[PDB]
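Based on the provided sequences and hints, a complete structural model is requested.
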Amino acid sequence: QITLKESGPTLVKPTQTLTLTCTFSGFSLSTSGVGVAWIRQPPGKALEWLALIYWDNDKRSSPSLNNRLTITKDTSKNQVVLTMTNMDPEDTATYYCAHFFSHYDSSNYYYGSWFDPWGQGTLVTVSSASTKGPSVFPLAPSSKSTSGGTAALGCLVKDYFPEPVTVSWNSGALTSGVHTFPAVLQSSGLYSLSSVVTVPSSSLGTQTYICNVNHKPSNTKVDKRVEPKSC
Amino acid sequence: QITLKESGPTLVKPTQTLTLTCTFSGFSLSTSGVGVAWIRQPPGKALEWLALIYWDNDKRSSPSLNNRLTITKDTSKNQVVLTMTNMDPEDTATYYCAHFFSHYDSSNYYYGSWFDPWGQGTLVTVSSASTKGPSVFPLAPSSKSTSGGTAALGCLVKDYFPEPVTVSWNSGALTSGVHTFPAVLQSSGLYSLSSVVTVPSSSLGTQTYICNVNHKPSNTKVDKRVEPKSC
Amino acid sequence: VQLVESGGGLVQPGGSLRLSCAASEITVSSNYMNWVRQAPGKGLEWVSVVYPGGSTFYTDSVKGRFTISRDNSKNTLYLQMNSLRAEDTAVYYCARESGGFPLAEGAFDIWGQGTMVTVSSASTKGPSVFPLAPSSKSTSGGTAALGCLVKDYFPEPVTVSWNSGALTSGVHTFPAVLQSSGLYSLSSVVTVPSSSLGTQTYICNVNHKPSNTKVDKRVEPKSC
Amino acid sequence: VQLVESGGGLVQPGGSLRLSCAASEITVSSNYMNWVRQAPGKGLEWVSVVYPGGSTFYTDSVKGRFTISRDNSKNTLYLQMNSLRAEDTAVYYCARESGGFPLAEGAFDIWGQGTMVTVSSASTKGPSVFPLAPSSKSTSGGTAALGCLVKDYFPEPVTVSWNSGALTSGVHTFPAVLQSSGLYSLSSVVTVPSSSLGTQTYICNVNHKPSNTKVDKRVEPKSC
Amino acid sequence: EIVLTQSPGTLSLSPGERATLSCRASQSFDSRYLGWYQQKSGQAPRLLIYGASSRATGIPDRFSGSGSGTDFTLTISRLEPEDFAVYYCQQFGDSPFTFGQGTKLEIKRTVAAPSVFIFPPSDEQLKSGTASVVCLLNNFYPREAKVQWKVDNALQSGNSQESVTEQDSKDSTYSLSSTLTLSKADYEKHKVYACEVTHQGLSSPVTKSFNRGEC
Amino acid sequence: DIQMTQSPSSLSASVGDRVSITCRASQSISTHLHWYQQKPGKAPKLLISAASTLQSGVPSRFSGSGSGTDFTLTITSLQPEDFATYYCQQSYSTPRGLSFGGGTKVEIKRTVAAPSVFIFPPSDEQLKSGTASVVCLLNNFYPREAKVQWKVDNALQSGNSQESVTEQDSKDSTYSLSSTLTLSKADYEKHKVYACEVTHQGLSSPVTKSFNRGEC
Amino acid sequence: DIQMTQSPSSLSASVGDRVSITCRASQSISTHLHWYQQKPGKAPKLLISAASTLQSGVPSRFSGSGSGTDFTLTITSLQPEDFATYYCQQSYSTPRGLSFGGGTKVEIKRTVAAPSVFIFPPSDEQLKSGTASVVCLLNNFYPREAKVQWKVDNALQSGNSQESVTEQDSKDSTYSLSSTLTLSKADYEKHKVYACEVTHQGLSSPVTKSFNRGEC
Amino acid sequence: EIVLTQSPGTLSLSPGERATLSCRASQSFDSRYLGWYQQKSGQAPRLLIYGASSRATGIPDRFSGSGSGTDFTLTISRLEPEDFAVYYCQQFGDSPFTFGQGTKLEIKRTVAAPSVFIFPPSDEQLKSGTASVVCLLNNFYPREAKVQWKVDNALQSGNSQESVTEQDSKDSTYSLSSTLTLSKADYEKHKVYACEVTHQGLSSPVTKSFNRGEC
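Protein sequences, first through last, are from chains P, Y, E, X, R, D, G and V.
Add 421 to the 1-based position in the first sequence for the numbering used here, that's all there is to it.
Add 421 to the 1-based position in the second sequence for the numbering used here, that's all there is to it.
Letter 47 of the third sequence, counting from 1, is numbered 34 in the numbering used here, and no numbers are missing.
Letter 132 of the fourth sequence, counting from 1, is numbered 119 in the numbering used here, and no numbers are missing.
Add 39 to the 1-based position in the fifth sequence for the numbering used here, that's all there is to it.
Add 20 to the 1-based position in the sixth sequence for the numbering used here, that's all there is to it.
Add 20 to the 1-based position in the seventh sequence for the numbering used here, that's all there is to it.
Add 39 to the 1-based position in the eighth sequence for the numbering used here, that's all there is to it.
Be aware that one or more of the hints could be misleading.
Some chain V residues flagged as far from chain Y (calculated, every beta-carbon gap over 10 Å) [stated by the list, open to error]:
1) 51
2) 65
3) 177
4) 185
Dumping the calculated DSSO-like pairs for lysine-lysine here, alpha-carbon to alpha-carbon at most 27 Å [claimed, not checked]:
5) G/167 with X/124
6) V/189 with V/143
7) E/201 with X/124
Hint data in this document are derived by calculation from the structure and do not stem from the laboratory.
C-beta atoms are modelled at their ideal positions from N, C-alpha and C, and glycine is treated no differently.
Here it is in structure tokens:
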């Protein structure tokens, strides 16, 4: 069993350079055929291989990104450092460091190779806007009497940066049907999501509705009251 | 310095044979490249090479005269003998024996060859008429008074054989202007010359005129008186 | 780059021949030079290679009786074939291996035009000329054909003309076939309308250059 | 003394040939026998000598590839030329050295008639015949010329006639010139009065024997 | 560059039945260069098969692979409730090494209609200078749905945002929220705000609206 | 001893369409394969190097792909001058093993057409020396595939026929064919009627063309 | 390597006069030189042996003299059948060095005469295959020396002309000459006017004969 | 046979000036085969130059030679009064070795007329049966002169003899004596005996006579 963990700056400013350090345990960059690879996954897109460094300090990079990607290794500290320069806003992704190995069997037959354990992954973003606390707007159940006891009520957390914001409904006493939709990049490189809960209209004015919304990079801890608004 | 002297019969009868002996001193017929040549000069004509004998008894003769010319050598006595047969009256000439040598210089380059010292020469004649004392006829100054003191008077020695006759005017006391013309072969193979002296008409009857004419082969010693003959 | 060939011809089996390849703009001694042969109607076959350092290699069929050499003085490549057999009748190409701007290693980028080598005891001789008249029919759709059969000759090529070149449309000469007796034959046919069968007298001319046969034979339908 | 030659012809470069010299009234083995060649248009060149005792000598150009021999049985002299090159095209003479009544030592006193040797890849073929008409003028002093140009043939000689020999006065054939393409050409012209240009039809006949070309072409002025 | 195309783009199969995935390569490489990886909801991808037929260590025998030339397939014989994820084919043939676009395995169920609800902005959001109204479509299957916004019954385009959530862990339905953002010059210049929804579970599209003034 | 095959043996294509030809090795040869193009009466020209690299001066419509045991040559817009024979050659085995492929022929595709079918007897002049040639001529038939059989009084004549076929013309892009039987004098003189049966794709049914020795 | 030269290269002489031809060696060769006479179309005949000895059967009008580096062949009464080519050959160097001289040609001398100068175009028949020959003909000119140049619209055409000259006739003892240019079709078709300029001793001024491609 | 022709036949040059002699050979031989010899009045010839350019031993530097092919020249730069003699060119090329005809170098002077004197025979010579009368021409230059004898003014030919002497040692003039020999049948059959003399120094020929009877 082997592990890999990535670390570095998760808030990288545009047209600047980032450095990511992957610390791995369970193996060392001295065994033949062992390498460390760096792969990235854009949000909502497929994976893309970035770089691969071998045990003998042989490095390979994607030809479309080899002009601005450097990869270095420290066997003593069991670390791999990926430096990437000249950032663009579309370079926001989640970066994994993964163990690369091959399987020969007693005759050097090469029964294939793989990317076995991947790191947990670091979500790195490229943008200019700095931190900003979310604005919470309560979203009111509509004016309906019963409708079969079916309703939804929520709160909208908009204009916040960076990811993520954690929303809890009634401090864990209301989790049935809490949809926290994935946040959407606004047109200004900013974040906005809705957190709603499905509740029956037969318990409108008797069951309390709160949303504790939390954002560590902005230290936003807002316990927003949601209540029924009539006409 | 080397010398060569010819000897033999200077009075050779027609259609007979003569033998001429050249005795040479200063060199011997043993050195390589040394030869003895025989050349002849007809009276009043150019030279004509007759024969050439080498140190190794190699002999060369004129092809037009090789049928009747023999050449022999005696190294012990340092003599060369030329025998010539079948004489004709036109063979009268003066015969020279000459030293023949070539000049090579340390590489056998042959910087030419030559006929170096020629003998004194023997005047050999071919004729039938025997010896005959000269007939002396005095030649009289013409009947002139002064003519600017210019006159000539002589004596004619005619019908003599063989060459030569020596004429002396007044025993050496009259040599100014004594012309002794070369003797001419008469039509009968005989000799005749005139000996004259140029004298002034102002000393006609006061200066004695004699011609002592001498001819050893005929032993003719005649002291002929020349005197003025008037009309 | 130019590679000019020379030395082809016809030989008796068990004979010998020498092929020459004069190169320009490249050096024969400084390149991998190959002889590659192709039989008439079949595919390419590698025959021999000579290295820049003078090492030589041959295919198995021509081991021993084929040798390859070079002349540096006038930049030529030579192939001496001895004990020639019938399987050696082919077109031989002088090719430069492992060249080209992208450096096609192991590939032939420059080729010569190739010389023709024939190995048969056919005893070179002349082709007989036979006329072929169509069916005795009036029009039958206005399609008749008349042909000149050229038979029993060696070697190729031969020239076949109709009316000494006055007719060139609709003439089909077929490639000569190697008879089991070692000779060659072909047929040269042409389609004309039947109405032109009479008014247009036709003559087939066969000029076989190596045997110096200049044969012109009349081509008219027959009476059955 | 007769020395009869044999063995000349045309050969491809790198070929071989054998020349024979049959003597009469003298013995080939008992004399100094020489082969002396003369290029067409150039001077004599000594090629080879064989001594009465069998010793042989050669000039520098033909060392190795030329050999000289004798056959005593029928009193012949032989010259075997191998690896023939283009510079060997010449007339070859069998000569007897150091003979003659005054004994001309070192000189050739008896000669053969010589054979012609040609060394070219000209690929023997036939001459094309082209007419040449004078300027379109009325009399211009009563001097016009018409010619037959004979082109692109090998080898020599060729026969050119006017009206199949009916015209022989005023005909000038020029010596053929070796084209840079290895072929031969010449022009045969003849001057006739202009008044006879019309009333006398002229035809130039070219008979090239080795290629068997018998070509008669009309010779008449043109319309400009 | 080698391009790997997966098929189908989306795939839904209730537990118990057979799952088939295909991966076609633009070029031809050895079959030992292609592997299959599985990535779950919000997880790092984990190796599933290497060499196109060699099962990774610890992976149950329910996963198999078969490859030939430029055609590779991943077969799942028994698929369990925990076996629904995204599957990537990737190659080590030529640099750069490329993954597939992926294939989302979906939990099948019977068709259900989405409840459509509307929530207006708060007074604070009438104070911020920008007002957003959110339209929610919940409890539907399959994922495919369409929503169109209408301001005074006038179609809207390019002025709204969408966000669909992942499959639930208990009911396998989907949920979606779409926001419409406007200013005051637009929010108080009209009366009617409507969503018309087109879903596979609905025979006809449903138009549902609200008016700011009446309430 | 690396056997190398090409598929298909010959394909017919139009102008401008994409065409792919495949080369298969008996065993994996990495990318040591090269594609050559040879026009009739000419020497081959190297098109593709290393199974993927375009050569300098070659039009970009030629492309090569594949590796291991399967390789492909693809042409995007088949120009009218791209009709030639294509060879795949491997440089993997050994310095004495540069074997070539069979070769793929590309020719123009057109509509089917029926040939004129003619029978030509052994003329008396050639018959006078005991050497008789009988000819079955097919004129202007497309495609190249055809079947010809020889008939003598319902008997089948086999084992001594010669086939001569012309390559596609530049005018009509059809084919021509001649089938010839050579027999000695009595190998024809005794028999009575001679026919040729022909079968072509453009013909619904095989056609028999018969002539009588006795009549003519 | 004994270079051997003859002076003059060719001389023209009358009948009956004395003629002397000189042979010069690069170095002294004693008297090892021989004089040969060769008529056109025949083999050489030995005239003089050892540079001074007349051969048996040779007429007494031939005489030889000289030695060392200079030798002379003298003919007293040059008969009409004495017109041939005379070679001097040395037998001094080595058994592999029997070099020959250049050769001296003796021909009849007559009065000067002006040639007819004609221009002959490339006829259409020969032009139809792209091979055009243009001819400048000089007829009945004496002496042999002449100059011919080719003109195209005042341009100078050089480097591709061929000269054919006839030897002296037995009737008029004059010469004939033909100068030929061979060009491919467009190497003549584009240009406009073609002329030939001739210069001879018997002519006071050079003569230009010009013809138009366009006119004829 | 090689024939050597000298030029000029006669040559006259007063001391101090340049002397040039030429020798042309019928055939061509090496230049080392030709030599020049000098022969004085009544002396054996002595070698002067050998090899056509190599001066003999003891010969002063005033003598030089230059030869080429069949043309040879002997040059005397300073010619002294003792340097007037006959000069022969000879060859050793081919047997027989041949000399030249010679060239007489003469002492030049101004032109002088010859005194013409006549001497009759003596009475002894009227007794011998043959009578000769001698006609003397003295003190003239150059050597060329002509004398014609006349018996009773009738020209004589073939019946007279001539003898010219050599150049004097002091006056460089010439002298000549011509005898006319007759018998008594001729000497007493006429009256007049005359010499008419034609000399370059005389503008007109001079006729001078004597009669036997008057004296």
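Here is what the structure says about each hint:
no. : hint             : result
1   : 51               : holds (19 Å)
2   : 65               : holds (15 Å)
3   : 177              : violated (7 Å)
4   : 185              : holds (17 Å)
5   : G/167 with X/124 : holds (26 Å)
6   : V/189 with V/143 : violated (33 Å)
7   : E/201 with X/124 : violated (42 Å)
Consistency note: the structure conflicts with the earlier hints numbered 3, 6 and 7.
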